[PDB]
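Got a structure for you, written out below as structure tokens; questions coming shortly.
With one protein chain held back, the other chains of the complex are shown just where they sit.
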Amino acid sequence: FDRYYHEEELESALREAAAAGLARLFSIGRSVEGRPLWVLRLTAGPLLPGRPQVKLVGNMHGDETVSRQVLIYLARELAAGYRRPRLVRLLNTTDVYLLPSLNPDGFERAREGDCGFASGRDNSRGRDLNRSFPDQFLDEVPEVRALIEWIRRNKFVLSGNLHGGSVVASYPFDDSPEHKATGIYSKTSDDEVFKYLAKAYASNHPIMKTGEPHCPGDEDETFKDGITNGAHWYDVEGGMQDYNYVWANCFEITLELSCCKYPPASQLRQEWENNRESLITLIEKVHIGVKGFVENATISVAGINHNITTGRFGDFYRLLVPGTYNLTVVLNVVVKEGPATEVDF
Amino acid sequence: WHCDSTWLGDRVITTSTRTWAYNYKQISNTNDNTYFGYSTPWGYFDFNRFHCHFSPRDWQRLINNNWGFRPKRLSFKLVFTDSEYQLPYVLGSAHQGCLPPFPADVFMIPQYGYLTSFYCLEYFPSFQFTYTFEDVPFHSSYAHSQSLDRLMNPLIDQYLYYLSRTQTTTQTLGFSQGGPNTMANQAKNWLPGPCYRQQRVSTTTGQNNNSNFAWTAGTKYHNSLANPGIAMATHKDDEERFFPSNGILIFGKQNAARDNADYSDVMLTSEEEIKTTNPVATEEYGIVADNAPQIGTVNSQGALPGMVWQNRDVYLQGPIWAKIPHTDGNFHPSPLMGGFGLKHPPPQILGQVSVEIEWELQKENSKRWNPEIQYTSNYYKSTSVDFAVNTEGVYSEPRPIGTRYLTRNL
Amino acid sequence: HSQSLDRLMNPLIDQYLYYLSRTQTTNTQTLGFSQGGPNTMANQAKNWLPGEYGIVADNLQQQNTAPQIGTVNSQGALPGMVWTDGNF
Amino acid sequence: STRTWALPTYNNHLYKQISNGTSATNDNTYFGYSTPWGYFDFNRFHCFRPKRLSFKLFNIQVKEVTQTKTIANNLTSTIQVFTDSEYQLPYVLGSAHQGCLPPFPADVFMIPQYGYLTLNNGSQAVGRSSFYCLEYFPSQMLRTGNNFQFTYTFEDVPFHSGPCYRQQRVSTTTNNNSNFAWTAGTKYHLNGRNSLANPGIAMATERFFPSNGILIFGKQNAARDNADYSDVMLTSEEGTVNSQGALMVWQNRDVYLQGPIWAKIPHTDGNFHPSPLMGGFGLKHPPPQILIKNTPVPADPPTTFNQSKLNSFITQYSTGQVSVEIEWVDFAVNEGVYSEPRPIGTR
Amino acid sequence: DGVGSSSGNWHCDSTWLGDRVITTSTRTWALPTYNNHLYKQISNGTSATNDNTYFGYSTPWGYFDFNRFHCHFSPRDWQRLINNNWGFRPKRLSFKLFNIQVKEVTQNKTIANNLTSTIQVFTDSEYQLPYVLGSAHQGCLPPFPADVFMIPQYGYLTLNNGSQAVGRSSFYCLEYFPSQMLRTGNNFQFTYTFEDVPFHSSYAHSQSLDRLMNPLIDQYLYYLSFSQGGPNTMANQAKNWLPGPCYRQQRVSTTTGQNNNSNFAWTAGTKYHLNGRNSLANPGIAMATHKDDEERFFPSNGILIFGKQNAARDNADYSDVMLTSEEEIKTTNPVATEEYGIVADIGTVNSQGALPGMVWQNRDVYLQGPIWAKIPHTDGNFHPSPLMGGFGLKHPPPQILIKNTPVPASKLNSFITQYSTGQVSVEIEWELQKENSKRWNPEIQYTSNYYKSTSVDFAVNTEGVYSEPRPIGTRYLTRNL
Amino acid sequence: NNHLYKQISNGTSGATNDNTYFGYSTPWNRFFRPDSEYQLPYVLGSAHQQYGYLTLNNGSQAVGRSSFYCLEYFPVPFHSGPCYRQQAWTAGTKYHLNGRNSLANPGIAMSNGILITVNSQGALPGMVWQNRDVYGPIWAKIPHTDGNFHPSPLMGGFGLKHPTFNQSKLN
Partner (left out) sequence: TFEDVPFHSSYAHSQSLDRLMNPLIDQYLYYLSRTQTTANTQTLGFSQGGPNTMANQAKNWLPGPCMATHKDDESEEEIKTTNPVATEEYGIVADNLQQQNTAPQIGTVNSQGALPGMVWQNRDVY
């Protein structure tokens, strides 16, 4: 390791990860400077039935670069594991989309060892990619528009944003109706599932198992169980996780890995050790809730005001915490810890 | 229409021209908010804010290279002015209706009213006039390079002993000479300024108490809040998230609500530059004895001999002067909001209006080797330029520009 | 004196300075700021202090300790107050 | 008064940043610079109101030390002397430091080293921290035949002849059986840092004395620290309101033959009765501090050019006579050591 | 005068009188004996590449050189200068050499005063000697007044054919000049008056060259689109001026991962050819270091790269050097990395000479950078401003040559080992350009970092070593085109 | 602008990077030889048919060096060779400045070269040339730069170095 991947080195790393294992490398668009947004599909091309889509988007902010490296390493490790059980099953039952960098321009503009505590956080136009999404409360951000089109073109059910500047797992509704900076806890219809996903990701991390991050700037942000709500943490107008929850049916969680946004490459291996398990767990947490088939049909659960839509082949993946739920189709079901309960319509 | 500024040596002539455009009613009204007074049908001209005469570039050019400044005279061109100071002085109360910071803005004249003595304003002889400021001390537009407790030589011991031990390591009496390693115990010549302890409120709203203590826990005097009270440091080192509950000047961002303004909609002024002499507002002045020995934490400390304190900083948006009340006696007649306490302030003047003020500057002669701290605009690109009109045409002040940027020795 | 020390401002024009008006919502923590005006004239910013004298803070409040207050029964000279080798 | 002074090379002709952090206590943390300059201090009375002063610096000899050890005359060596008449340097006088002129004229004293303190955040420095290069001042150079002179006229100040900040009583006849010297001491708070209020405001002090509210002098041959009561010299100043501000008449602290003469009133927006708390005359423009330094005389530089600054100098020290003239058996040698038996007050 | 009387005082401060700033600085200097009082023919030939071949003479004389801005301006003085003035230029300097003392060293190492020894000091007021000043060499007066500095040895180069000399090669014996001889009690002094030189631009333009138009009124002239140049089609508008001349430089990224994996520092570097001897165009013509949002990139050899305190002479890492950025001249000067423009045949022009209507800014001066350079006495020259920045002077301050007089212990070659030391005081008066800007918003001013740091910037560390952490530029105020 | 100063910015959001601008529109030279202090941007001489000015920009954004000017804050040789070879926009002769290809219209006097092998050769000793004819702008302001070569306006002409109360504002 001990090396960052730059222009045409990210593409080369993804190509060698594909060769290590299966993998399809493509681009969902281009950045402001025309730098392609590389996406690696592990399973462009047709959408296979029965495969719950998982997309892992990192490096939203250019200075946040642990995400890029851990995404590359995760793709390589998944390819090697499939080539060599757990990873084989994960790649056989789950379609995993790996997007190492949504802001390659900012990553190039980022500097060595700044750590966060001008910097490349925004794209080439100075617009934050995390502040350029529609919120329930373009043409200047081609990466954001490209990702919006990519989400609209697919049916992602679980997703993970990897960030920097903190060590925490934030779940959706990063903004609030009153738009107060902190304090206000914005609860979603699927808040329990988001909490379960954030807890599952944070438990495996050797740092987020304790809510306190031990890094400059806060020194006292003792997150409960290593997870937090975005609005409860700090308000973000037009975030992407809230968009993915509202305008899409995806369950998208932000994951701040380290408080040093751009660590020296020597730390990368260590950071990999801090995430290798966690990322995999997150992906293998998409097999929860219920799964089944019914064709652009609305699927709803009683007691929750959030309705999902079946995919092109009628496949729906309703992520849920274990329990008994009343499923409804518009055009008692038991959930247990483990594989999704199969219900047909 | 002059609206110019000329820098000639130690003088600066700041003139500003603005375009300007009611009802006697017996007005009256918790027991602490009751009032009685009269609403006159007169409008009054107010220019008691620094931005009414100084542009942001002028303010930078003033605070970056001058240790002090004070007004000398003003010419006002346009109705009467109370030159003999008969009417109640409503200026200096940090009220609105002042000349707009942006010369292109058209403002309306605020209505004049007073509180109680009935004053009929048509009982006065009712355009241009000139006023000359009385000799007022220079505003300390500087920070102190040294703290009050670090004015000694860090290499030489003191010849004065301090009682360092009272018990053998039985009880005894031991004395030691104050030195570099025991600076806290060295004999000193001066004490920090007076303290009127205030409640600490964190900008991180999570750390604050889950109660509405904005008024109940306030630092009111007998019940009106001591806002901002005596000049004290806003916070100590690495505590910029804290501020006294009502011990700082808080300005309004553009389009900020009159009430229920969120923390993002207001601009807090930090008086930390005076922490070298003034005790932190949210912390105690010190510890005195009470009687096993007993120690009492003194919170409100009055004036003591040897005390030295800095006044509250003035700001581009802050008030310029305030009338010293015609009382029998006073202690350090300086406005608590900051500015120049004038026994005979500019008379309140009860189309276009031009006001020019001559300010005498104190050119700094500092032999400090390293570069100073100057006020600068962020080089990084922004959606809109700071201190400039936006797309809609609304001129806004993004931050409250302080005044103490150069440094000085105590 | 025909007018009081805390009532020498305009009773028609509100101030441009903000004061901390509320900290708890109407209940969680918040930070509300209001402009002192004709109605809330006790909270208006003043330039001078009187020559119990007043109420001061007695501790550092936090999310666990309520801020208690101290009644000042003897107040010495302070800047802005209006009413041998040295004398006052 | 004329005294013989010796001045060595300080910091080896270097400006050394000095600092102490907690990694000690926060109350003792400091940041500053130690300069190669010494300074002339005559702020003690043994070195009414002052009117003026004349200051002379003559009979200067600069001597080389060669290592056996031999000391030889250096006729061409100079010394740099300047007074900060504009008070642009941190005024370290008035803190009652050692190194002043000896009370006995026959005694030869070493010039105290001049260092200053500045703003700090623990052991680290803040942006407001200032660095003063004393070579950045116009300073007169003196050889063996040159002499320095300057006259300073004192500003008007009241002749040297109430509020309380209660102290903790201590009995000379040894008091509680605990170490209450600092925990129970009357302190004040500044920037989250507790500083001992020594000696505090002028208040009355026979066995009783305030814990830190009096000036304590040192007997001849007294320990630097942990000195016994027999080795020190106590000065006598002969709803419960424990601290009272201005409301009221009072008297200033008495000045002593061993005590300071004057102190600099800090350049501040306001001050209440700016009389120094250790006694003396508070001066807005005090006698400027005289800074003196042996001019660095380098040893032989290399034959080939080297960009790095010279770090090898000949060992030099300058002695001379300093005369200060201010217009306004007990106390005798024993072994020939001058001793001051009891502190003398002017009241 | 005399052995035991000081020959001068330590004058080192700055005085600001309106539009004038007089900066005087005194330093302690130590001049050794160079070459054992011998003139040595030095040379490098191919048998070393042909580009590095030289022929010249090394003289026993040292030379005083105060051609760096930090020799006279303190960092606070520099901040005063660049935060308040649109321009500055030297007016006159006074140079003094005093408290001279010559010491002889004897080895058995004992150093003793030699009262009767003299030193020879002279100034080439007629510029008859080769001018080695302005070449940005070490040996300047230290930025810190407390630093005692070595006097650099004086040598010169002449025409060469490889390591050999030619008929036109000139040998300059510095003893042939009338030099004032000084004992311990003597002092040297002279006054030089700077010739009329344009003010240095201590400002960065508020307007780019292509954005001088009214963004609301369409042009009355047409361009072959036909259309009138307007706000939306702002790049097609007819314009009065062209950017400055260009000489394309290779782009290098400070983020080393983005650079090519080759040792292109020399082969790909921008060079000029002279007498078959390729030389590096360092720092080349004044061009913008990088365009917008490209601060990581820099021209390969088109910038001034200063050295941090205690930095290696060779193979110094990027952390040990401070890169100057000429991004303040993006408004008029073309970017040093990419091409000047496109012509038709189309073809991109990488090097563009002077064209009518072209306007450009000179290279910025820095606190550690050179102050002046001597314009070569040539028939033709174009915009004679030094390429490292500063002031191009036909008659620069004369170089002061100082040498210990040999004391003997065929020609005599046994001399007693001597070295002199003393004080050098240089005082330069600069005429300031007061700024009269009706700009409303505040601009960029040079300020020190507020946040706490281990040591103060532009101050000594714990070990007593004065360091300059960053290269302070000069263009912080703004002036519209 | 209804007595208002309006910020005007045009980024790449249709328009390309070469057409981006930032400036302010304030509410406030056509045919031998022929704000007094020149403290405002001199939009004259750009051959226009309301006063508004431009400043430094990075796309639609404005860098900190951008200057905002409030206008209420106010009280040559006789007119009679170098080559920059000419040829609509892709093949047109342009010059590069801060990553922005600006059309070289009308360029130096000799596609976009009129008012409506060596291709580019700079100044050489002994070279003689004539300025563009006038028809057309009388003059233009020479930008205040340290250096300029033949500071004659390429568009033609003469190069002159000095050619109940409410707090809310009423609207």
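Letters A, B, C, D, E and F mark the chains in the order given here, with residues in each chain numbered from 1 onward.
Methods note: a residue touches a chain if its C-beta (ideal position, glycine included) is under 8 Å from a C-beta of that chain, and two chains touch if they have at least 3 such contacts.
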{"item": "Which residue of E:354, E:456 or E:460 touches the chain not shown here", "value": "E:354"}
{"item": "Among E:94, E:163, E:259 or E:325, residue touching the chain not depicted", "value": "E:259"}
{"item": "Residue in contact with the excluded chain [from E:16, E:39 or E:156]", "value": "E:156"}
{"item": "Residue touching the undisplayed chain, where the options are E:3, E:105 or E:132", "value": "E:132"}
{"item": "Given E:82, E:221 or E:373, the one touching the chain that is not displayed", "value": "E:373"}
{"item": "Contacts of subunit D with the absent chain, listed as residue ranges", "value": "305, 307"}
{"item": "For subunit A, the residues touching the chain missing from this view", "value": "6-9"}
{"item": "Residues in subunit F touching the chain absent from view", "value": "82, 118, 121-125, 147, 149"}
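Here, only the chains that are shown with their structure count from here on.
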{"item": "More contacts between chains, B-E or C-D", "value": "B-E"}
{"item": "Separation of mean Cα positions, subunit F and subunit A [Å, integer]", "value": "48"}
{"item": "For subunit B, residues contacting two or more additional chains", "value": "55, 96-97, 110-111, 193-194, 205-207, 231, 237-238, 262-263, 283, 301-305, 309, 311, 331-332, 334, 366-370, 373, 377, 379-381, 383, 385-388"}
{"item": "Subunit A residues counted as touching two or more neighbouring chains", "value": "126, 180, 183"}
{"item": "Contacting chain pairs - touch in the sense defined above", "value": "A-B, A-C, A-E, A-F, B-C, B-D, B-E, B-F, C-D, C-F, D-E, E-F"}
